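Undergrad: Work the whole structure out from these sequences, hints included.
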Amino acid sequence: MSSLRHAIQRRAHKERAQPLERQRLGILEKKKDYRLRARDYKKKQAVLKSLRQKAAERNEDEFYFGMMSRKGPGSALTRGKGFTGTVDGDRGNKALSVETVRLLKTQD
Amino acid sequence: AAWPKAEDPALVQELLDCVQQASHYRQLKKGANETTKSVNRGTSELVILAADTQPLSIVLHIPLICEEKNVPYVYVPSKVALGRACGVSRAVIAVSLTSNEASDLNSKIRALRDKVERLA
Amino acid sequence: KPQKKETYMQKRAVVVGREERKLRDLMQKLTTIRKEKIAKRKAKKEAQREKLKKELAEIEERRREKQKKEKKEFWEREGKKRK
Amino acid sequence: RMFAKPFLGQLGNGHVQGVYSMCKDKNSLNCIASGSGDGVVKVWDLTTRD
Amino acid sequence: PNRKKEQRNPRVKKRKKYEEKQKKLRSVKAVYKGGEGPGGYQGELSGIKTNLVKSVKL
Amino acid sequence: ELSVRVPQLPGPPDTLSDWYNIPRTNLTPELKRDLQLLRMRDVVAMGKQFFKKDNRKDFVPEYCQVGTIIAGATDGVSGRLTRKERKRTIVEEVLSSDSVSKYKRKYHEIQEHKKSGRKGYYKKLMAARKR
Amino acid sequence: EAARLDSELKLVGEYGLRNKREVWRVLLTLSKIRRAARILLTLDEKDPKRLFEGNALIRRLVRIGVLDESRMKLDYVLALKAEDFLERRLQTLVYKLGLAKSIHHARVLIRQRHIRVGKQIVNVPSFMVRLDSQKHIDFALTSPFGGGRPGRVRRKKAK
Amino acid sequence: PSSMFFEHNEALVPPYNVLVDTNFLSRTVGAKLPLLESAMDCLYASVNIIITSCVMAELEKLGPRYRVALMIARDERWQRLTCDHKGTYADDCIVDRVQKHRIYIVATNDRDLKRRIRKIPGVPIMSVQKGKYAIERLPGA
Amino acid sequence: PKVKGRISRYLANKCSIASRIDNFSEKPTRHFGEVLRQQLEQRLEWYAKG
Amino acid sequence: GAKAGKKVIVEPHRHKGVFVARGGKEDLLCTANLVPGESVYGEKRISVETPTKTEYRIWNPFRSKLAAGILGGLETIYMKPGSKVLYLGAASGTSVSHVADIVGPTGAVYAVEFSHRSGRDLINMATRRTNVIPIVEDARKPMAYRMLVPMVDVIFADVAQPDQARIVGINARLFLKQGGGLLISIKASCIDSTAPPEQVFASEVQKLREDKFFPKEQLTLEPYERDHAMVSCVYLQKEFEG
Ligand SMILES: [Zn+2]
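Residue numbers (this note's numbering), protein chains in the order written: chain A, -13 to 94; chain B, 121 to 240; chain C, 224 to 306; chain D, 262 to 311; chain E, 134 to 191; chain F, 26 to 156; chain G, 88 to 246; chain H, 229 to 369; chain I, 9 to 58; chain J, 155 to 396.
Take these hints with a grain of salt, some might be off.
To be verified - Simulated pairs of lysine-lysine, DSS-like, Cα-Cα distance not exceeding 27 Å:
| hint | chain 1 | residue 1 | chain 2 | residue 2 |
| --- | --- | --- | --- | --- |
| 1 | J | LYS295 | B | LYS125 |
| 2 | G | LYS168 | H | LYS360 |
| 3 | F | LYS78 | C | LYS276 |
| 4 | A | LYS35 | A | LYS0 |
| 5 | E | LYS190 | C | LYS274 |
| 6 | E | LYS138 | C | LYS277 |
| 7 | G | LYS246 | E | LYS154 |
| 8 | A | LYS80 | A | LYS91 |
| 9 | G | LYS107 | E | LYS138 |
| 10 | F | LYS148 | A | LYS29 |
| 11 | B | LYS125 | J | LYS341 |
| 12 | A | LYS29 | A | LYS16 |
| 13 | F | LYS109 | A | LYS17 |
| 14 | F | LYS148 | C | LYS245 |
| 15 | F | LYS144 | C | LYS258 |
| 16 | H | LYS260 | E | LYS190 |
| 17 | F | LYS148 | A | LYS28 |
| 18 | A | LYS40 | A | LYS30 |
| 19 | C | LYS267 | F | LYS109 |
| 20 | C | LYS292 | C | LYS304 |
| 21 | J | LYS207 | J | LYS234 |
| 22 | B | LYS189 | J | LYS295 |
| 23 | J | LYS341 | B | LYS157 |
| 24 | F | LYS149 | A | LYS18 |
| 25 | B | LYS235 | B | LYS189 |
| 26 | C | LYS267 | E | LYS190 |
Because the hints were derived from the structure by calculation, they are not lab data.
TA: Pasting the structure below:
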C-alpha cells in the first residue's frame, strides 16, 4: 500500500544532465520534453491532414458572396514574387477624398 | 434632569459591585472622555453616570450619545462612591464598562442592564 | 501585411507629452501584472478542480461497488424465494 | 362547480378530545364558545381565529 | 517515518489546527472582528458588489 | 392669457429617473484608465489588501460620475490629502504613491519567466551548435 | 462524526486544552451533574427530597462558581454546559486575569510554577478554581515575576 | 448562518427546540412511551417540543384508528407552529423550516427524511429505538 | 515642547465642560465660566513657577 | 484610509436611491444629498461638478443598521424614491437623514423619537430636510400621532425594546398599507440576554408572524455589529406592492 513503504521507498530518483563536453548542443531531451515535442507535431500534422482533405474535396464551381468583396489567393503568376497562399486582409486604411484631406491638412 | 435615576433598594450597590468587578477584570473605562470614546466606538455595554456632579451638564451630554447608540445608562448618586468603587483615588463622574466575548462578568452585566431597561 | 511606407495619418500624429507617457507606461505595467496574476489564479483553480474530479471519480467507483453488492444480495434473497 | 370551494378555516388549534357542544352568541356576531369531551370550554372570537 | 515538530507535541498541533480552522472560517462566513476602527470609516475597504444577494430567503 | 402654442414635435435614457439623474458615461480615455484601474485594484495594493472578485465582461458601467471626497469634520490632520498629493485622476494618484518599483520588480520577474525558453533561447542554442 | 470533531476542536482551541480526553472528562462530570438535576426534576415541587437535595446542588454549583448567582433554578442547572466548566478552569482564569498573554502562555506558567492559588503554588492547569478563591491568583514569591532571584537566563546573562 | 462552526451548530443550547414528525409521534405512542418525559430523559435537558400543522394534518388525515396518537399530539402544553404553504407535506415543511432557521432537533423515524436531513450541516436527529430515544448528531449530549 | 500641549489639553477639558454647561441650561449663567477662567488664570500663574 | 481629496467614481447600487462610490483602495456607500453643501453629523461627503449642486453623502455601516444591512446584502429595502417611510426609533436623526435622502423630495419620512434631546437634534435636521417630519412621542402609543402619519409604505424599526414586536405590530396595524414593507433590526442582547441569538431571532420572527407579517428575508449583519439581525417582512400579503 502507501503505509507499507519506507521513506527510502518514497525517495525521488534524480535526473542526469547533458554531459559537459556536449552542453553546447542544447538540453538533453528526456521523456517529458519528448512528449511535448510529439504532442506539438501530432497536432500540426492533424491540422495539415484536415487541410489536405479540404483542399482535395473542393467543388471547383463554388460561389460564396464574399468572393465579390475579397481578393483571392491567386497564383504565383498573377500575384508575383509576393505570393503567399493566404488571402490578403484589410488593414483598415482607405482611399480618402479630397475635402477630408483638405480638412486634415489645414489642421496639420 | 436625570430621569433614569437609580433608587436606593440594593440597585446602586449592585451597580457599584459590578463596577468594581469589571475594574478588577480590566474591562472598564473611567472618566467622561473615556466613556464618550467607548460609546462612540460602540464597545460599551452599560454606562454609569454620577448625579452629584458640579454642574450636571457633563453627565447630561453623555446620555445623548448613549441614546443615539442605544446602550443603557443609569445615574448613581455619588461620584465619591463611584471613584471608591473603581479604585481610582479620585472622584469619577462617568463609568462605561465594555463587552467581551468570553467572561463570567457578562452575566452580571446582562442582569444589570435588564434591571436598567426596566428602570427606563 | 505590415505596411512599410509611412502614411499621412502616421506622419501627422502629435508627439505626446511626458505626463501622458508616464501614465501610458504605468497602465502597461499594471495590465501585465494583472494578466500574470489572473493566469496564476486560474492555474491554481484548475489544479484544485482536477483534484476534486479525481476524488469524485473514486467516490463513484465505491458507489458502483456497493450497488453491485446490494444488487447481488437482493437477488440472492429473491432467487431463493422464487425457488 | 369549478368555484365551489366551501372550506374557509378552522378556529385555532381546536380542542384535545372532540367537540361535543358549542353555542354562538345570538346578540353579538363574533362570539362563539365550544366545550369539548375532556370538559374544557373555550370562548372564541371569530375576528381573530388564531 | 519522519514526522513533524508539530506532531511531537499534541497541544501545539491542536493550537495550529485551530488557528488554521479559524482562518478557514473567515473565508466562508463573515466574522465581526471589531467595528469601525479608531480612524473612523475609510470606506468599505475591499469592494462593494451590487448584484449579490446574501440574505437567507425565508 | 391664452397664447398660440409653440409646436415642438421635431432609445436608451440619458439620466436615471430613479437614481436622481446620474448622467451617462462620457467615456473619455482618462475615465477608461480609471475603470481599468478599478478592475485591477487587487494588483495595485500588492497583496496587502484583497478585493471582492467582481469580473463582468464589460468593466465600464452605464452610469458614472467622477467625484471627490470633501471632508470629514471629525478628522482633518491625517485624513486629508495635501496640496502636493491631490491629483487629477486615480491613476495619477497610484503613480504618485509608492511601490512603483515593486510593480516594476514583479513585471521584470514575469518578463524573465516569459522569456525563459521562447526564441532568444533557441537562437543561443543554434549559435552554440554552429560555433 | 464531523459535528463532534468540530465541537471538540472548538473547545480545545477556545480554551487551550491538550487533547480530547480533557473535553470528555468535563463532559462526563457535566453529564453526571445534569443527570442528578433531571432526577430531582422528576419529583414534584415541595417534596422534601427535591427541596433539600436541589438546594444542596444549587448551593454547591454557586459556591464552586459555575452557576451564576442570579439564576438559581434546577432548570438552569439542567441548562449548564462544558463552556462554563472550562471557563471555571484555572488556566483560562490566568488568561482572563491577564497574568499571561495567551492561554498557552497560561498553561506554560502554571506548569513551570509561577502562579499560586491563595497560599500554595499550583502545578496543575485543570485546577477547578472556586468563586471565593478566584481573586487570589497571583505570581508566587519565588517567581521572577513575583520577586526573589532574577532567574535563570537572567543569571547566565548577568554573569 | 451565524452560530455555525463547520457543521457544529452552536445555536442549539437548552431548552432544546424539537420538531416532531408523524412517524416519530405514532411510534412513541405505540411504544408506550411518554413524549416529553422521554425526550427530557434522552437529552438530559428541558425540551420545548413543537408540532407543525402539516404534522397535525397528516395525523388527522390518517383515520380514526389513530385517535389516541391524535389526542397525544393535541396535548395543550406544546407549541403549535402554524405553516404558510399549500400542500401539507410534512417532510418538505420540516426541511424548509430547518433549512431556513436551523435551531431545531428533528425527531423522525423514517430513513427517507433522515437521509434528507443528514445532508444539511448541524441538525440533530432524534429517533425512538425500542427502549428509549436516541439522539444522533448532537455533540453535547 | 510639552507645556504648550499640556495647556492645550487642559483648555480642551475646561472648554468641553463650559460647552456642556452653556448648552444644557435653559437660560445660562456667567459665574461658572468666571470660575473656570480664574482656574485657567491661576494655572497660567502656576506654570511660571519652575 | 479613504482620505479627503481622493477621486472616486459614483455608480448606482442595485437598490434605488443608493449609490456606491468606488475608487482606489476603498469602495464606500453613499446617498444623494437632499440639502447640498452641508453635512449633518460631520460625515465625509462626495462633491462632483457635473459638466456644484450635486453632492453625495457617505453612509457609515458601523453607525447605521440600514447601511449595515445593505452591505450585508438584503434582497430589497422597500424604499424607492417617492415612498413614505415611518421610522421608529429615530434617535437624533443620523440614519433618518440617509433614509430621507433615499426617498427624495417627493417622499416623506415620519421620524418618531421618544426622548426630548434626541428630539431637539431631530427637529434640527428636519428643519434642514423638508420631507422628514419629526414626531416626538412614544412609539408604544401610536394613538398620539394618528393625526400626523398617513398610511405609509415602509416601516423601519430600530427600537431596542423587549416589547419590540408588539410595538411594531400595533404601529403597522395603524399605519401600514396592505402588503407593506418593513425592516426590523433585532438586537438579541436586548430582546433576551440569556438565550442564544439564533433562537432569539427565530422567536422574534415567530412573534411577527403571529402579529400578521409574512417574513421574507433575514440576515445577521455580522462584520458590522455582533448579535444583530435585520428581518425584512411584508404586511398582509406575500408580494410587496401588489
Ligand atoms: Zn407547513
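Undergrad: Against each hint, give a clear statement of whether it holds in the structure.
TA: Outcome of the hint check:
A distance of roughly 24 Å separates the Cα atoms of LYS295 (chain J) and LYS125 (chain B); the hinted pair therefore holds under the 27 Å criterion. At most 27 Å may separate the alpha-carbon atoms for a hinted pair to count; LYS168 (chain G) and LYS360 (chain H) meet this at roughly 23 Å. At roughly 24 Å between alpha-carbon atoms, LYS78 (chain F) and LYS276 (chain C) fall within 27 Å of each other, so this suggested pair holds. For a cut-off of 27 Å, the pair hint linking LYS35 (chain A) to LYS0 (chain A) is broken: about 40 Å separates their Cα positions.
Distance restraint check for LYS190 (chain E) and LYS274 (chain C): the Cα-Cα separation of roughly 33 Å exceeds the 27 Å cut-off, and the hinted pair is therefore not satisfied. For the hint linking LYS138 (chain E) to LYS277 (chain C), the alpha-carbon distance of about 31 Å lies beyond 27 Å, and the restraint is violated. Distance check on the hinted pair: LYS246 (chain G) and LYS154 (chain E) sit about 45 Å apart at the alpha-carbon level, beyond 27 Å; violated. A hinted pair counts as satisfied when its Cα atoms are at most 27 Å apart, and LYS80 (chain A) with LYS91 (chain A) qualifies at roughly 17 Å.
Distance check on the hinted pair: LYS107 (chain G) and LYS138 (chain E) sit about 20 Å apart at the alpha-carbon level, within 27 Å; holds. Taking the CA atoms of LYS148 (chain F) and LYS29 (chain A), the gap is near 24 Å; set against the 27 Å cutoff, the hint holds. With a C-alpha separation of about 24 Å, the suggested pair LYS125 (chain B) and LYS341 (chain J) falls inside the 27 Å cut-off, and the hint holds. A C-alpha spacing of about 20 Å is found between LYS29 (chain A) and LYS16 (chain A), which places the hinted pair at or below 27 Å, so the restraint holds.
At roughly 60 Å between alpha-carbon atoms, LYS109 (chain F) and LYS17 (chain A) are farther apart than 27 Å, so this suggested pair is violated. At most 27 Å may separate the alpha-carbon atoms for a hinted pair to count; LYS148 (chain F) and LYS245 (chain C) exceed this at roughly 33 Å. With a C-alpha separation of about 21 Å, the suggested pairing of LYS144 (chain F) with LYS258 (chain C) holds against the 27 Å cut-off. Taking the CA atoms of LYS260 (chain H) and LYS190 (chain E), the gap is near 40 Å; set against the 27 Å cutoff, the hint is violated.
Distance hint between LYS148 (chain F) and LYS28 (chain A) is fulfilled; the C-alpha atoms sit about 24 Å from each other, no more than 27 Å. Proposed proximity of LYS40 (chain A) and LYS30 (chain A) is supported: the alpha carbons are some 15 Å apart, at most 27 Å. For the hint pairing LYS267 (chain C) with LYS109 (chain F), the CA-to-CA distance comes to about 42 Å; that exceeds 27 Å, so the pair is violated. Restraint check for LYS292 (chain C) and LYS304 (chain C): the C-alpha separation of about 19 Å stays at or below 27 Å, so the hint holds.
Proposed proximity of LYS207 (chain J) and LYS234 (chain J) is supported: the alpha carbons are some 22 Å apart, at most 27 Å. About 23 Å separates the Cα atoms of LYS189 (chain B) and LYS295 (chain J), which keeps this hinted pair within 27 Å; it holds. Pair hint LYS341 (chain J) plus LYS157 (chain B) holds up; C-alpha atoms about 22 Å apart against a cutoff of 27 Å. For the hint linking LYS149 (chain F) to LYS18 (chain A), the alpha-carbon distance of about 22 Å falls within 27 Å, and the restraint holds.
A threshold of 27 Å between alpha carbons decides the hint, and for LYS235 (chain B) with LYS189 (chain B) the separation of about 19 Å falls inside it, so the pair holds. A threshold of 27 Å between alpha carbons decides the hint, and for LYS267 (chain C) with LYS190 (chain E) the separation of about 33 Å lies outside it, so the pair is violated.
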